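What follows is each chain in one-letter form.
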Amino acid sequence: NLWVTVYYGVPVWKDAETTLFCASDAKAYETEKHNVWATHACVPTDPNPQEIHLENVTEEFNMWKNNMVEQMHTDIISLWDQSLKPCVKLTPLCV
Amino acid sequence: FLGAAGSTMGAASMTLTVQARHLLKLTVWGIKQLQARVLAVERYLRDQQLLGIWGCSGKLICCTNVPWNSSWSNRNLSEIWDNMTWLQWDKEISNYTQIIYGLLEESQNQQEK
Amino acid sequence: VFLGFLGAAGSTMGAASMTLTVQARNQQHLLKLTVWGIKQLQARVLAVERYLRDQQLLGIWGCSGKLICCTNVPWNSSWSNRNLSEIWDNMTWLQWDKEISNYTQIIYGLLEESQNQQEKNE
Amino acid sequence: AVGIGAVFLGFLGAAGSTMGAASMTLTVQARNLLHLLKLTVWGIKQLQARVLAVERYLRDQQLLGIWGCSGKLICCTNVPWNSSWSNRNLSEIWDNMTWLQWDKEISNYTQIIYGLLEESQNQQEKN
Amino acid sequence: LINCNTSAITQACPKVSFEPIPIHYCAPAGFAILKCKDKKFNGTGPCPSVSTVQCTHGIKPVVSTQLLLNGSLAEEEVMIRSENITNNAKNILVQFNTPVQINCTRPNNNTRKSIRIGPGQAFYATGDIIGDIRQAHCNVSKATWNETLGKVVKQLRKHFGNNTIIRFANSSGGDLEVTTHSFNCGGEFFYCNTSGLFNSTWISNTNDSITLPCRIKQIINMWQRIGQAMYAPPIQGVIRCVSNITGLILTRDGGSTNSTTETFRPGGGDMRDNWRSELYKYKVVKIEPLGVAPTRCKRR
Amino acid sequence: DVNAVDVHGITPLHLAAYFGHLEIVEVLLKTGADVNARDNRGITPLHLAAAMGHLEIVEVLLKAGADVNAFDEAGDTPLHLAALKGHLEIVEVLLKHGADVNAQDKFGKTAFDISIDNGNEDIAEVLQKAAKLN
Ligand SMILES: *[C@@H]1O[C@H](CO)[C@@H](O[C@@H]2O[C@H](CO)[C@@H](O[C@@H]3O[C@H](CO[C@H]4O[C@H](CO)[C@@H](O)[C@H](O)[C@@H]4O)[C@@H](O)[C@H](O[C@H]4O[C@H](CO)[C@@H](O)[C@H](O)[C@@H]4O)[C@@H]3O)[C@H](O)[C@H]2NC(C)=O)[C@H](O)[C@H]1NC(C)=O
Ligand SMILES: *[C@@H]1O[C@H](CO)[C@@H](O[C@@H]2O[C@H](CO)[C@@H](O[C@@H]3O[C@H](CO)[C@@H](O)[C@H](O)[C@@H]3O)[C@H](O)[C@H]2NC(C)=O)[C@H](O)[C@H]1NC(C)=O
Ligand SMILES: *[C@@H]1O[C@H](CO)[C@@H](O[C@@H]2O[C@H](CO)[C@@H](O[C@@H]3O[C@H](CO)[C@@H](O)[C@H](O)[C@@H]3O)[C@H](O)[C@H]2NC(C)=O)[C@H](O)[C@H]1NC(C)=O
Ligand SMILES: *[C@@H]1O[C@H](CO)[C@@H](O[C@@H]2O[C@H](CO)[C@@H](O)[C@H](O)[C@H]2NC(C)=O)[C@H](O)[C@H]1NC(C)=O
Ligand SMILES: *[C@@H]1O[C@H](CO)[C@@H](O[C@@H]2O[C@H](CO)[C@@H](O)[C@H](O)[C@H]2NC(C)=O)[C@H](O)[C@H]1NC(C)=O
Ligand SMILES: *[C@@H]1O[C@H](CO)[C@@H](O[C@@H]2O[C@H](CO)[C@@H](O)[C@H](O)[C@H]2NC(C)=O)[C@H](O)[C@H]1NC(C)=O
Ligand SMILES: *[C@@H]1O[C@H](CO)[C@@H](O[C@@H]2O[C@H](CO)[C@@H](O)[C@H](O)[C@H]2NC(C)=O)[C@H](O)[C@H]1NC(C)=O
Ligand SMILES: *[C@@H]1O[C@H](CO)[C@@H](O[C@@H]2O[C@H](CO)[C@@H](O)[C@H](O)[C@H]2NC(C)=O)[C@H](O)[C@H]1NC(C)=O
Ligand SMILES: *[C@@H]1O[C@H](CO)[C@@H](O)[C@H](O)[C@H]1NC(C)=O
Ligand SMILES: *[C@@H]1O[C@H](CO)[C@@H](O)[C@H](O)[C@H]1NC(C)=O
Ligand SMILES: *[C@@H]1O[C@H](CO)[C@@H](O)[C@H](O)[C@H]1NC(C)=O
Ligand SMILES: *[C@@H]1O[C@H](CO)[C@@H](O)[C@H](O)[C@H]1NC(C)=O
Ligand SMILES: *[C@@H]1O[C@H](CO)[C@@H](O)[C@H](O)[C@H]1NC(C)=O
Ligand SMILES: *[C@@H]1O[C@H](CO)[C@@H](O)[C@H](O)[C@H]1NC(C)=O
Ligand SMILES: *[C@@H]1O[C@H](CO)[C@@H](O)[C@H](O)[C@H]1NC(C)=O
Ligand SMILES: *[C@@H]1O[C@H](CO)[C@@H](O)[C@H](O)[C@H]1NC(C)=O
Ligand SMILES: *[C@@H]1O[C@H](CO)[C@@H](O)[C@H](O)[C@H]1NC(C)=O
Ligand SMILES: *[C@@H]1O[C@H](CO)[C@@H](O)[C@H](O)[C@H]1NC(C)=O
Ligand SMILES: *[C@@H]1O[C@H](CO)[C@@H](O)[C@H](O)[C@H]1NC(C)=O
Ligand SMILES: *[C@@H]1O[C@H](CO)[C@@H](O)[C@H](O)[C@H]1NC(C)=O
Ligand SMILES: *[C@@H]1O[C@H](CO)[C@@H](O)[C@H](O)[C@H]1NC(C)=O
Ligand SMILES: *[C@@H]1O[C@H](CO)[C@@H](O)[C@H](O)[C@H]1NC(C)=O
Ligand SMILES: *[C@@H]1O[C@H](CO)[C@@H](O)[C@H](O)[C@H]1NC(C)=O
Ligand SMILES: *[C@@H]1O[C@H](CO)[C@@H](O)[C@H](O)[C@H]1NC(C)=O
Ligand SMILES: *[C@@H]1O[C@H](CO)[C@@H](O)[C@H](O)[C@H]1NC(C)=O
Ligand SMILES: *[C@@H]1O[C@H](CO)[C@@H](O)[C@H](O)[C@H]1NC(C)=O
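Protein chains in written order, with the entry's author numbering: chain S, 33 to 127; chain D, 522 to 542, 564 to 655; chain U, 518 to 543, 562 to 657; chain H, 512 to 545, 564 to 656; chain P, 193 to 309, 312 to 321, 321A, 322 to 399, 411 to 504; chain E, 29 to 162.
A hint or two may mislead.
Here's a subset of chain U near chain H, in silico, CB distances under 10 Å, partners left out [to be verified]:
| hint | residue |
| --- | --- |
| 1 | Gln577 |
| 2 | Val580 |
| 3 | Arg588 |
| 4 | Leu592 |
| 5 | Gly600 |
| 6 | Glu634 |
| 7 | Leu645 |
Below, in silico cross-link-like pairs of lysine-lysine (PhoX-like), each with a Cα-Cα straight-line distance of 25 Å or less [claimed, not checked]:
| hint | chain 1 | residue 1 | chain 2 | residue 2 |
| --- | --- | --- | --- | --- |
| 8 | P | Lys502 | D | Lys655 |
| 9 | P | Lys502 | U | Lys601 |
| 10 | H | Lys574 | D | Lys655 |
| 11 | D | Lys633 | P | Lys227 |
| 12 | D | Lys633 | P | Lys282 |
| 13 | P | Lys421 | D | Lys574 |
| 14 | S | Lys46 | P | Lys227 |
| 15 | D | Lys633 | S | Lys46 |
| 16 | P | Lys252 | D | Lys567 |
| 17 | P | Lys207 | S | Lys59 |
| 18 | D | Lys574 | H | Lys633 |
| 19 | E | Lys124 | E | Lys58 |
| 20 | P | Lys421 | E | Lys160 |
| 21 | E | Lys137 | E | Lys160 |
| 22 | H | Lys574 | D | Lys567 |
| 23 | P | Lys232 | P | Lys207 |
| 24 | S | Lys121 | P | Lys421 |
| 25 | E | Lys58 | E | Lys113 |
| 26 | D | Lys574 | U | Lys567 |
| 27 | U | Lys567 | S | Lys65 |
| 28 | S | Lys59 | D | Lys567 |
| 29 | P | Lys207 | S | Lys121 |
| 30 | S | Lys46 | D | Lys655 |
| 31 | S | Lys46 | P | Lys229 |
| 32 | D | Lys574 | S | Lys59 |
| 33 | H | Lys655 | U | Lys574 |
| 34 | H | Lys655 | P | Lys252 |
| 35 | U | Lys633 | D | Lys574 |
| 36 | S | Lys97 | P | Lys421 |
| 37 | E | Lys91 | E | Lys113 |
Simulated from the structure, these hints should not be mistaken for laboratory data.
Think of the CB as a built atom: it goes at the ideal place given N, C-alpha and C, for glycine as much as any other residue.
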């Protein structure tokens, strides 16, 4: 027969969904709207980003089912909603 | 703790025992490093509190008397220890993870009795 | 940790034990954001330190790692003078330590002495 | 360094005392455990020191709990004591010697002591 | 009759400068980002070399149809990527190995006049003085872009037969956002004709700049929600923006013809495709250290 | 702004009638734009709507109160711009509103003579029918 044992300290990752904070090296001296959104909503950039490469690894990538881009799409929608306002805007609202 | 994942199952089982041993800019990056370290410690204590139910608290390698269905592993299990890694094995039993945790907790419940 | 505990505080203690178990299974804007972040981090660090202190106190009592632990100290009628049938239904957890706040220290010390006696028996 | 970093030196007192007295007083000493630039730039450094103290304490506690003694200050283990490590009486070490000189005695051996404790706990979990 | 009543909001135009700034994304606490450094990424499948990073590289949030102006360069050669092959309903995305530098000028003299005689002189003059405000012509170098097209047809030989010829047509038709290259410099949205840019057919064993006209439209169909908008009139000063071309979006016309001559048209229209073109090799993960493994071990 | 004007006199209603979009035209005439807005050259939005060949825009402008015989710097009615480029239905709608067939520009040319000069006899016959029934 077989019995269940538990193991800790095991290097296992799982894919998931979380909110990702934006990073942008913006100085905000200019009155540009894209610059001031980057100052107001994002942090400055990494000086020394830590790059760790693995020798043996197996990974199935599916970028068409990638979630990461779905949040960034709404981020750019918010970016140009706060950055640019048209003279006249129209949207259909149907009951 | 995610490093050295290229080794197989039987090698990771040994190496886990080896594992057992400009001011606003700097503040806003150091605060995120502090979030990483504090949530790492909080996740470690939360996982130890979870493991305290199963009776294996503080122990990296443990053994229980919980019965294992042959349908979950659906494999002879002799060759999963030498040539198959942890990452594939976790995806083999991803659908059947909650029910065996529920099996452990009630098994420890009659272990109390 | 401590923030999630305080919800459903005044519910009945018999159901509070079970929900406790399934609980414990588990540029001015930027400056304002960072200062409230470091306040939240200080709160979390002191929460971890208080959890460490109380876990080590339970290790003194021999109940380390156990949220629900059984001891061998006999209950004394002079401590509470309350019936067993209605204490788990018609009384919440918050009123219980309000009902015993002068007598918790002698219980703490006698529990520590009973754990020391049990260790001495080995 | 407030709190956990203070109690890392909290048990450092009575270091030259009798070997039998410090082991009893471990329980008592463990029971005795209890403007812009100041809070943005200065505060994160003391936060780093405190979280470093917490990380060191959990690392030491995990290394102690390898051997099945999680949360126990004093624990008895089923490892037999080899006579080559000490070759001395039990009376004179607990009545005459101190902890510092004793670790000076067994600094050569404590590396294989920790490994043999890990192997004995592994053999205990195997059966 | 279903009551579909449009709602409109009028607010004064800021008329401000607008430039894209490269931003980075980082993982929060308790999460990591995996990056694939393999050149033959293939889109879907296994990657041999996966390395962990704490932040992304420079991502420029640029909106453009049928071409990508500011983006990352391909490492070794040209690769194409598609979700399905010969599905003829999903976009095909191309990253160029070498950058194609494109420059575009708009005349700001506003002195072009014609001596019209006869009736309708006032309306002609009004049309001329309006069209001088809204007219542009962009440059594309033939020598570099023809070489990149020769590279991409060589890469396209592998996926489709390489026995029958392929050819390029212009946009099929529809909304003006898709049929014309819509790109913004200085807050003004330019609709560029790309009919002469994709004009040549290609058969196997195979200094001047072609100008491409661009008309300025004040009414745009916005890409966020469906609807229409209106913006400020263009600035009287000259606007000139100089940038690469890094990506290309193509829709393949499915062929039931027995000759099987493949036809490719410039597609685009979805900016989610554009930001998938720059986040193709990145994944976000979390760490789960606790695991189980059955073995023949008895308790106590 | 609903009534915004540039240095050359063009409001957004002129460009809305020019580019052939009915929703912006309706919205502007709902919010209160000037239906008889004139630039430096005397062009009304009915001129740009009639000349390019957008029918519904002309109808929305005329039921909002646009002038049918409005004159530009050159004296051209929207009927002359409608008959300039062979738009029969716009001419028919402008005579249904009551455009002047005897109106002349500064060059002394009527809609009759520019319909003859452009060689579109079908518009000229309809204009002759409208002048006979006046
Ligand atoms: C892909 O990436 C490239 C590289 O960034 C972009 O190319 C840029 O394109 C913009 C056009 O949108 C260029 O910006 C223009 O700069 C002109 C030069 O003036 C600059 O320099 C002086 C002196 O340093 C500054 O004082 C000034 O503020 C500018 O920074 C300006 O003349 C242009 O307009 C300005 O003046 C008018 C006058 O009326 C104002 O109304 C405007 O608001 C504005 O202030 C304009 O700003 C920029 O130079 C290009 N960068 C280069 C060549 O390196 C591509 O645009 C980008 N692709 C896309 C699709 O965005
Ligand atoms: C990728 O695209 C290909 C086409 O280029 C897809 O293959 C096609 O899939 C459809 C749907 O299953 C098949 O239709 C089926 O045909 C049978 C008769 O052969 C019929 O009985 C079924 O009811 C159904 O209609 C089609 O035959 C097939 N092959 C072609 C067109 O050559 C493929 O499914 C796509 N894959 C993905 C993952 O999108
Ligand atoms: C892609 O290329 C084709 C071929 O040049 C383009 O088709 C052309 O489209 C224009 C209108 O966009 C046609 O002009 C129209 O012709 C009719 C003929 O009766 C006339 O009545 C209209 O007033 C107008 O002038 C043109 O004839 C047509 N040419 C051919 C050969 O079909 C097509 O528009 C291009 N698409 C894009 C997106 O560039
Ligand atoms: C239970 O509580 C009672 C009352 O508190 C304890 O009674 C003790 O009674 C003697 C009588 O001589 C006093 O000297 C003690 O001081 C009392 N102790 C206390 C705590 O007040 C009794 O000892 C307690 N213990 C049990 C379990 O019977
Ligand atoms: C105590 O430790 C010594 C080594 O310090 C052990 O001596 C070994 O004994 C075995 C046979 O029992 C010999 O083969 C080895 O050569 C000896 N030396 C070493 C370095 O291993 C001794 O056996 C131990 N005694 C107990 C009871 O554990
Ligand atoms: C590149 O990705 C495609 C994705 O479709 C792979 O195509 C596979 O082809 C086999 C052939 O029968 C199918 O059974 C699979 O279902 C297809 N998809 C996947 C995801 O494997 C193609 O093999 C890949 N090529 C390389 C070199 O990686
Ligand atoms: C893009 O340019 C092509 C020319 O290269 C335009 O095609 C012309 O369209 C006009 C308008 O009907 C015709 O009179 C010409 O005969 C066409 N020429 C050719 C060679 O086809 C095309 O219309 C332009 N696209 C847009 C959207 O304006
Ligand atoms: C268009 O592409 C060229 C070629 O890569 C870019 O030139 C590079 O610019 C970066 C940024 O300063 C330098 O680090 C490289 O050394 C340059 N390479 C060469 C070959 O000159 C150019 O910047 C791109 N244009 C834009 C607007 O980004
Ligand atoms: C893992 O990588 C090392 C690198 O030295 C290699 O020797 C070993 O064979 C690899 N393990 C495999 C491929 O299972
Ligand atoms: C397998 O699982 C079933 C539940 O589906 C259980 O009743 C049984 O005891 C398990 N073990 C064996 C050996 O069948
Ligand atoms: C499992 O492997 C062993 C060793 O090779 C073999 O004897 C046994 O028959 C196998 N069982 C199954 C079910 O394949
Ligand atoms: C887990 O469940 C999903 C649900 O559809 C299924 O697609 C997948 O194949 C399952 N994994 C197995 C059986 O290993
Ligand atoms: C609060 O009391 C009411 C009494 O009717 C009960 O229905 C409800 O469940 C209680 N809420 C909680 C959280 O116990
Ligand atoms: C109260 O205590 C008495 C004596 O222990 C017991 O018989 C009774 O059931 C309890 N409960 C009630 C509601 O009286
Ligand atoms: C609970 O106690 C209250 C008085 O605090 C009383 O009125 C009520 O009847 C009691 N209910 C039960 C369940 O005994
Ligand atoms: C508990 O002790 C305090 C301290 O004086 C006293 O006021 C209170 O009445 C005591 N409560 C009980 C129930 O004896
Ligand atoms: C230190 O040594 C003296 C020597 O007589 C002794 O009396 C004293 O108790 C010692 N100190 C402690 C703390 O034991
Ligand atoms: C060790 O203790 C025994 C018994 O007390 C005694 O006979 C012996 O002499 C002692 N040896 C030393 C070296 O003190
Ligand atoms: C205690 O140790 C000292 C120093 O090593 C020695 O001089 C003394 O004789 C020892 N006493 C006993 C009783 O062993
Ligand atoms: C312990 O190691 C040191 C290393 O220099 C050595 O000098 C000493 O003699 C060793 N002691 C024993 C008892 O092996
Ligand atoms: C604009 O004017 C300049 C200077 O007079 C001249 O060099 C240039 O050719 C003119 N542009 C055009 C398109 O004629
Ligand atoms: C690029 O286009 C402009 C028109 O915008 C034109 O004046 C210029 O001559 C073109 N450049 C070349 C090299 O043909
Ligand atoms: C614009 O690009 C063309 C590419 O053919 C080049 O010949 C020309 O010199 C460039 N003009 C400027 C002003 O950079
Ligand atoms: C340039 O384009 C022509 C088609 O117009 C093609 O025949 C020729 O091979 C191309 N030159 C290259 C790819 O070097
Ligand atoms: C072209 O197609 C053939 C199959 O007929 C294939 O063997 C070859 O690899 C393809 N590519 C080239 C460059 O010949
Ligand atoms: C390409 O452009 C030339 C311009 O002279 C034109 O004559 C031709 O019809 C276009 N199309 C093709 C397929 O050659």
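Here is how each hint holds up against the structure:
1. A distance limit of 10 Å between C-beta atoms decides the matter here; for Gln577 of chain U the minimum to chain H is near 6 Å, and the interface restraint holds.
2. Using the Cβ-Cβ criterion of 10 Å, the hint placing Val580 of chain U at the interface with chain H is satisfied: the shortest such distance is roughly 6 Å.
3. Checking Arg588 of chain U against chain H by beta carbon gives a least distance of about 7 Å; that is within 10 Å, so the hint holds.
4. At about 8 Å, the closest approach between the beta carbon of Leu592 of chain U and any beta carbon in chain H falls short of 10 Å, and the interface hint on this residue holds.
5. With a cut of 10 Å, the hint placing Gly600 of chain U at the interface with chain H holds, because the nearest CB-to-CB distance is about 6 Å.
6. Because the beta carbon of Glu634 of chain U sits about 26 Å from the nearest beta carbon in chain H, more than 10 Å, this interface hint is broken.
7. A cut of 10 Å between beta carbons decides the hint on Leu645 of chain U: the least distance to chain H is about 15 Å, and the hint is violated.
8. The straight-line distance between the Cα atoms of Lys502 of chain P and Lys655 of chain D is roughly 18 Å, inside the 25 Å bound, and the hint therefore holds.
9. Only pairs whose Cα atoms come within 25 Å are accepted, and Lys502 of chain P paired with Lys601 of chain U is accepted, the gap being roughly 23 Å.
10. For the proposed pair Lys574 of chain H and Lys655 of chain D, the alpha carbon gap of about 49 Å is over 25 Å, so the pair is violated.
11. Between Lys633 of chain D and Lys227 of chain P the alpha-carbon distance is near 20 Å, which keeps this suggested pair within the 25 Å criterion.
12. This hinted pair does not check out: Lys633 of chain D and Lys282 of chain P have alpha carbons roughly 29 Å apart, beyond 25 Å.
13. Using a Cα cut-off of 25 Å, the hinted pair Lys421 of chain P and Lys574 of chain D is violated, with the two alpha carbons roughly 45 Å apart.
14. Annotation: proposed proximity of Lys46 of chain S to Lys227 of chain P holds, straight-line Cα distance about 15 Å (limit 25 Å).
15. Annotation: proposed proximity of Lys633 of chain D to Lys46 of chain S holds, straight-line Cα distance about 9 Å (limit 25 Å).
16. In summary, the hint linking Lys252 of chain P to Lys567 of chain D is supported, as the alpha carbons are separated by about 22 Å, within the 25 Å threshold.
17. Only pairs whose Cα atoms come within 25 Å are accepted, and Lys207 of chain P paired with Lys59 of chain S is accepted, the gap being roughly 22 Å.
18. A hinted pair counts as satisfied when its Cα atoms are at most 25 Å apart, and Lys574 of chain D with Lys633 of chain H does not qualify at roughly 43 Å.
19. At most 25 Å may separate the alpha-carbon atoms for a hinted pair to count; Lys124 of chain E and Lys58 of chain E meet this at roughly 24 Å.
20. Of the pairs offered as hints, the one joining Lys421 of chain P and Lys160 of chain E is violated, with about 43 Å between alpha carbons and a cut-off of 25 Å exceeded.
21. A C-alpha spacing of about 19 Å is found between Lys137 of chain E and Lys160 of chain E, which places the hinted pair at or below 25 Å, so the restraint holds.
22. Note on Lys574 of chain H and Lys567 of chain D: the hinted pairing holds, with a Cα-Cα distance of about 15 Å set against a maximum of 25 Å.
23. In summary, the hint linking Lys232 of chain P to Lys207 of chain P is not supported, as the alpha carbons are separated by about 44 Å, beyond the 25 Å threshold.
24. Straight-line distance between C-alpha atoms of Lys121 of chain S and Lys421 of chain P comes to about 15 Å, which keeps the hinted pair within the 25 Å bound.
25. Between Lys58 of chain E and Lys113 of chain E the CA atoms are separated by roughly 30 Å; this puts the pair beyond 25 Å, and the hint is violated.
26. Taking the CA atoms of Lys574 of chain D and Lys567 of chain U, the gap is near 15 Å; set against the 25 Å cutoff, the hint holds.
27. For the hint pairing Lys567 of chain U with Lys65 of chain S, the CA-to-CA distance comes to about 21 Å; that is within 25 Å, so the pair holds.
28. A threshold of 25 Å between alpha carbons decides the hint, and for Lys59 of chain S with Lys567 of chain D the separation of about 11 Å falls inside it, so the pair holds.
29. Among the hinted pairs, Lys207 of chain P with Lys121 of chain S is consistent with the structure: their alpha-carbon atoms are about 15 Å apart, no more than 25 Å.
30. Between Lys46 of chain S and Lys655 of chain D the alpha-carbon distance is near 36 Å, which puts this suggested pair outside the 25 Å criterion.
31. Taking the CA atoms of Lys46 of chain S and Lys229 of chain P, the gap is near 20 Å; set against the 25 Å cutoff, the hint holds.
32. For the hint linking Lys574 of chain D to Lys59 of chain S, the alpha-carbon distance of about 20 Å falls within 25 Å, and the restraint holds.
33. Between the alpha carbons of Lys655 of chain H and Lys574 of chain U the distance comes to roughly 47 Å, so the proposed pair goes past 25 Å and is violated.
34. A threshold of 25 Å between alpha carbons decides the hint, and for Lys655 of chain H with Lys252 of chain P the separation of about 57 Å lies outside it, so the pair is violated.
35. Taken as a hint, the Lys633 of chain U and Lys574 of chain D pair is broken in the structure, with Cα atoms around 41 Å apart against an allowance of 25 Å.
36. Proposed proximity of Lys97 of chain S and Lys421 of chain P is contradicted: the alpha carbons are some 35 Å apart, above 25 Å.
37. Restraint check for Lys91 of chain E and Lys113 of chain E: satisfied, since their Cα atoms lie roughly 24 Å apart, inside the 25 Å limit.
In terms of the numbered hints stated before, the structure departs from hints 6, 7, 10, 12, 13, 18, 20, 23, 25, 30, 33, 34, 35, 36, listed from lowest to highest.
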